[PDB]
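Below are the chains, spelled out letter by letter.
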Amino acid sequence: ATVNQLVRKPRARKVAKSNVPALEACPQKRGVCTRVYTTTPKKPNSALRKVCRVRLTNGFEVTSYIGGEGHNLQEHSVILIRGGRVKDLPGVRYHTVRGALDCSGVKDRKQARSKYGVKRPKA
Amino acid sequence: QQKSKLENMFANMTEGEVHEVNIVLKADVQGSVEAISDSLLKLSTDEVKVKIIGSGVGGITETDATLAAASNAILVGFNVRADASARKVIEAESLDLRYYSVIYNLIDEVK
Amino acid sequence: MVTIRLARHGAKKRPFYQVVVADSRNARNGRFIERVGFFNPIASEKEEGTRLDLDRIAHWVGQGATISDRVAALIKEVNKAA
Amino acid sequence: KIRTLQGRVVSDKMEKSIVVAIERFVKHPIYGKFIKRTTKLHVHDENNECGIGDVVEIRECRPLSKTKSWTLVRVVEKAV
Amino acid sequence: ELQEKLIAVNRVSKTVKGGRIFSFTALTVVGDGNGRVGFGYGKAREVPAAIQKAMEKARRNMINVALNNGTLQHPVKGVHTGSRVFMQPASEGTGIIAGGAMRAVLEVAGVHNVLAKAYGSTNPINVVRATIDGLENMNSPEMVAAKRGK
Amino acid sequence: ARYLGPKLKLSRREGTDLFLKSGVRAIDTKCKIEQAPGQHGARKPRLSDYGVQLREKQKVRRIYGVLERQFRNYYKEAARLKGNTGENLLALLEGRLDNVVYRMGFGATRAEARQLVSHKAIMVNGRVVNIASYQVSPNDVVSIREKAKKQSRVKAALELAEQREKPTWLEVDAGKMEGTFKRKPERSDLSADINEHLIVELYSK
Amino acid sequence: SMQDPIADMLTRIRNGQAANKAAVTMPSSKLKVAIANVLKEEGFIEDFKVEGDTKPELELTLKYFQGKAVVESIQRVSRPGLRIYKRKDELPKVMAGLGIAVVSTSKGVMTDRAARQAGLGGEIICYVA
RNA sequence: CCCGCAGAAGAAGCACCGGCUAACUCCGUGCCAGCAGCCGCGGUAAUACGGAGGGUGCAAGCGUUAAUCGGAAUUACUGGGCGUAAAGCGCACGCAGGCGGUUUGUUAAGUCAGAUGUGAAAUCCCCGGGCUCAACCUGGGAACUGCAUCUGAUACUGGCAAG
RNA sequence: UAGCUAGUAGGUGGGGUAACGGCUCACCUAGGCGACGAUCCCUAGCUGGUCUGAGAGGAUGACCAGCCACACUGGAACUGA
Ligand SMILES: [Mg+2]
Ligand SMILES: [Mg+2]
Ligand SMILES: [Mg+2]
Ligand SMILES: [Mg+2]
Ligand SMILES: [Mg+2]
Ligand SMILES: [Mg+2]
Ligand SMILES: [Mg+2]
Ligand SMILES: [Mg+2]
Ligand SMILES: [Mg+2]
Ligand SMILES: [Mg+2]
Ligand SMILES: [Mg+2]
Ligand SMILES: [Mg+2]
Ligand SMILES: [Mg+2]
Ligand SMILES: [Mg+2]
Ligand SMILES: [Mg+2]
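Protein chains in written order, with the authors' numbering: chain t, 1 to 123; chain f, 669 to 779; chain y, 1 to 82; chain x, 3 to 82; chain k, 9 to 158; chain l, 1 to 205; chain p, 1 to 129.
Hints are computed from structural coordinates only; laboratory data are not their basis.
Among these hints, one or two may not hold up.
[To be verified] Distance windows between CB atoms, simulated:
#1 k:76 / l:137: 28 to 36 Å
#2 k:28 / l:49: 24 to 32 Å
#3 p:22 / k:9: 50 to 58 Å
#4 t:61 / x:43: 33 to 41 Å
#5 l:49 / t:2: 38 to 46 Å
#6 t:46 / k:28: 44 to 52 Å
#7 k:28 / t:109: 42 to 50 Å
#8 t:7 / x:57: 22 to 30 Å
#9 l:23 / k:9: 39 to 47 Å
#10 k:64 / t:82: 53 to 61 Å
Idealized CB from N, CA, C, for every residue including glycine.
Between the sequences and the hints, there should be enough to build the whole structure, so can you do that?
Below is the structure:
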């Protein structure tokens with residue numbers, strides 16, 4: 001409040017920690033994705049959701065949600081991981097990119113081809 | 669990839685052959701990796717199943733040593749040398765680096 | 001050695017030279033003492049395009065500056081009274 | 003005469019050497035509060051002159067030691 | 009010359025012995041085009057009943073606001089409940105740029121230029137009345153000639 | 001850089017005639033004005049306070065056929081100019097070359113005016129201009145070249161051009177097939193139904 | 001406490017205007033009189049007066065036109081804890097020019113309008129609305 | 001760059017449509033499969049999922065993610081609080097530090113005025129000019145809120161003297 | 001991170017640098033810096049500016065341009081303005 005106090009100790013600012021612990025100024029990353037489990041959602045909802053524990057290239061073990069209906073993802077064949085936070089499973093700060101590197105796109109999808117890596121059908 | 673996984677039509681193997689061994693291979697020449705792997709699948713048996721992961725075009729690399737870090741495997745090459753960045757990873761974590769001049773000495777030891 | 005010389009700051013396929021007093025050891029577009037004028041070798045038939053102050057350069061020639069082949073041509077193109 | 007500041011003696015005897023702590027008033031860039039800044043500067047001097055409890059005039063010169071680029075000229079009064 | 013509109017409508021619960029009954033509360037602001045700003049709140053069990061009562065109360069309690077041409081006469085501050093309101097004149101420039109709740113009271117008053125920027129509480133019910141108190145305390149350079157001049 | 005789809009769908013969505021249906025016959029008759037903008041467009045016309053600001057942005061853009069990025073540069077240019085920003089917005093749009101071609105009556109529609117300017121038929125002060133976005137200033141003469149002169153496309157437009165308002169700020173001429181832009185149009189000479197205070201608000205946030 | 005006696009006077013006005021008291025008394029000074037002269041110059045207050053010898057006592061007659069107060073507000077701008085100094089065109093105008101501020105210049109205590117015409121500024125004291 | 005030839009020929013996709021937020025129905029699925037930036041949707045009338053139709057926004061881009069600021073008066077100098085929501089040390093004496101009643105003289109540090117030097121050019125901004133326009137380029141001016149010195153003013157603050 | 005400094009602070013004399021100088025020696029004195037943040041630790045080229053913002057600020061140092069530093073790592077000298 002008093003300006004003489006502010007001269008001794010100036011105004012502090014919060015660091016504002018990011019929601020993507022990978023960091024490195026990277027929009028996307030890749031990782032090994034060793035094991036793919038099926039964990040139940042939070043309290044309000046009820047489902048079985050496809051989730052994978054992605055070992056990143058930098059050396060951090062993390063988890064990531066798999067969007068789209070069904071997948072071939074398991075064991076080996078390194079895939080792209082864009083990130084971004086959506087809240088369903090306990091502690092899931094990332095999302096996998098469908099239709100990139102070795103990750104299959106969503107089959108028979110027509111709307112929203114940009115998301116999920118679906119190519120335009122010839123007509 | 670989808671067929672081989674769905675082919676079993678069951679959540680697991682019907683018997684106890686589930687125990688398997690993983691290998692990592694990078695050969696300097698492109699002609700070998702496709703050719704010798706076929707011979708490497710000949711030694712495969714029902715009891716113990718062996719599979720190749722991430723066949724390389726040559727040498728060795730960071731993502732290759734990382735590939736052997738996630739799943740325990742032997743890292744072998746028909747002909748390869750260790751990179752400066754490759755030695756740091758292999759020496760730190762516990763792994764095995766073995767290069768073989770001939771395919772016969774390789775086909776024997778994997779067995 | 002201070003030198004009066006033309007530095008190119010204009011554009012790709014459309015040159016615009018900046019006559020300027022600078023040391024020979026510095027770069028073309030790099031360091032300089034101060035600006036004197038400008039020269040466009042595209043332009044058109046009009047009142048402006050070529051401008052060069054003789055009061056500025058003639059001082060530096062007295063102080064021991066050299067004149068390049070371009071600046072020698074541009075002084076004898078525009079002349080003094082003409 | 004060359005420019006001079008209104009600093010005081012503060013330390014007594016450095017064996018033919020003297021320091022000058024210089025008080026001023028300066029505006030703080032952000033808040034605008036006035037804080038008294040103290041600029042201690044080493045000064046060269048002759049014939050072990052008067053010490054603490056004085057205000058001394060100062061001027062620029064060549065350095066006769068490490069730092070110490072100033073010289074004194076006149077001192078006001080005697081007692082503190 | 010009537011120039012009438014509504015800002016927003018809000019549902020409110022009573023929760024009696026039987027069960028929850030839901031009323032509707034509107035907010036309207038009106039003006040003649042040059043000064044004379046006025047407002048009305050009201051409530052009703054239906055939506056078109058609530059807005060009709062709001063416009064009914066909006067006619068009475070209408071007070072003069074002093075304008076030079078089509079703008080405010082100075083930058084003025086006003087406070088109501090938890091809403092702190094600053095504003096700038098900005099003479100005949102770009103103009104009438106503002107967000108909802110406070111957009112209605114400015115445009116119907118006659119001003120085509122002044123900048124809103126509402127600090128503190130941005131509640132639709134309390135952002136109105138903060139403006140009119142700010143407009144009321146403002147005074148004209150012609151009619152302050154009692155204190156001004158001699 | 002152009003729409004290419006149905007022009008009347010743009011007019012039906014706004015609920016006002018944009019003068020893309022000027023051509024030979026005019027004043028609609030066959031319309032279905034508003035009432036079914038889409039399949040479920042017969043739904044009630046109540047619309048948000050944010051949406052009416054965006055609606056007026058489209059009303060101005062769809063007349064002249066300007067894209068949002070190209071239109072943002074004219075708003076950015078209108079802001080830096082002196083006086084009212086809203087009045088200078090429509091002035092810079094009215095200063096376009098293809099719009100001046102439409103006002104004088106060389107092109108029948110505003111889309112046809114850009115179409116004719118694209119093929120380098122229009123010359124200003126002697127020199128040819130391809131770009132429809134060319135800025136027209138006072139005392140700048142404009143005319144059609146010797147090639148493609150007195151054709152049925154341009155001739156039919158100039159005949160029916162007399163039936164419209166006939167703007168005061170420029171001379172129609174049409175005798176020797178030329179034109180002259182005298183001065184910048186006034187606030188009374190344009191706008192009226194389209195509003196400048198509505199369109200400008202959306203870029204403030 | 002009595003550290004800022006100029007800010008005391010600015011408090012005495014709004015207490016006087018709110019309470020509807022005509023005559024308000026206080027201890028006088030050099031700068032204290034000159035600020036009260038600027039209030040009468042523009043014509044906010046009715047008239048100033050002083051009575052004493054060893055103890056000067058400033059008596060400010062407060063003006064009332066309507067039931068509402070003449071002076072809308074008054075705030076301590078430059079205070080001992082934090083001072084405000086403005087050059088020539090950096091002097092802030094109060095309410096788009098309507099009313100006047102109090103500014104202490106080298107020649108004397110003047111208004112915001114008058115100090116611009118002189119061509120020199122100084123320490124602003126308070127904004128009289 | 002200009003002229004000639006042929007012929008609408010070679011060239012429109014992308015997101016989104018429960019509210020926020022511009023733009024809605026049907027069908028399939030039935031807490032299953034999935035969406036999600038936030039509040040949340042789906043357990044048999046889903047404008048929130050998937051497809052289709054229609055529509056909206058934008059355009060050789062579109063969308064998602066990542067990074068910075070704004071919004072955020074949510075570190076608040078300008079421009080916020082501390083009875084009960086986060087927040088007044090349990091209380092007091094006190095050095096350094098911050099601030100100081102009232103009268104006169106002096107000093108001119110702070111402050112304010114004027115002038116000089118400097119604040120590279122480019123950039124930003126304003127009025128023009130040149131690439132078919134624009135981006136881009138460029139003439140001149142303004143500006144670079146700063147700092148130092150010199151010459152002045154003495155109200156206020158500070159130093160000093162007498163009260 | 002609250003105490004940190006022996007060439008450390010100052011003088012005299014000699015030597016040294018193109019040039020002032022603990023720059024480097026012998027001797028003498030016991031100071032120097034520091035709560036207005038010394039020292040230590042972590043991080044980072046800096047500025048004209050760019051980006052955002054009504055402004056004040058915040059973030060940032062790509063290209064363009066100035067200065068400094070570095071030239072496989074560490075250290076040293078020669079030639080020469
Ligand atoms: Mg484009
Ligand atoms: Mg909508
Ligand atoms: Mg979707
Ligand atoms: Mg259904
Ligand atoms: Mg802030
Ligand atoms: Mg608060
Ligand atoms: Mg409490
Ligand atoms: Mg410059
Ligand atoms: Mg031009
Ligand atoms: Mg005094
Ligand atoms: Mg010596
Ligand atoms: Mg570094
Ligand atoms: Mg702000
Ligand atoms: Mg070296
Ligand atoms: Mg040498």
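Going down the list of hints, with the structure as the test:
1. k:76 / l:137: 28 to 36 Å: 35 Å, holds
2. k:28 / l:49: 24 to 32 Å: 30 Å, holds
3. p:22 / k:9: 50 to 58 Å: Given about 45 Å between the Cβ atoms, the range is violated.
4. t:61 / x:43: 33 to 41 Å: Since residue 61 of chain t and residue 43 of chain x have Cβ atoms about 58 Å apart, the given range 33 to 41 Å is violated.
5. l:49 / t:2: 38 to 46 Å: 44 Å, holds
6. t:46 / k:28: 44 to 52 Å: 28 Å, violated
7. k:28 / t:109: 42 to 50 Å: 43 Å, holds
8. t:7 / x:57: 22 to 30 Å: Holds, since residue 7 of chain t and residue 57 of chain x (Cβ atoms, about 27 Å apart) stay within the stated range.
9. l:23 / k:9: 39 to 47 Å: Holds: the Cβ-Cβ distance is about 41 Å, inside 39 to 47 Å.
10. k:64 / t:82: 53 to 61 Å: Between residue 64 of chain k and residue 82 of chain t, where Cβ atoms are some 57 Å apart, the hint holds.
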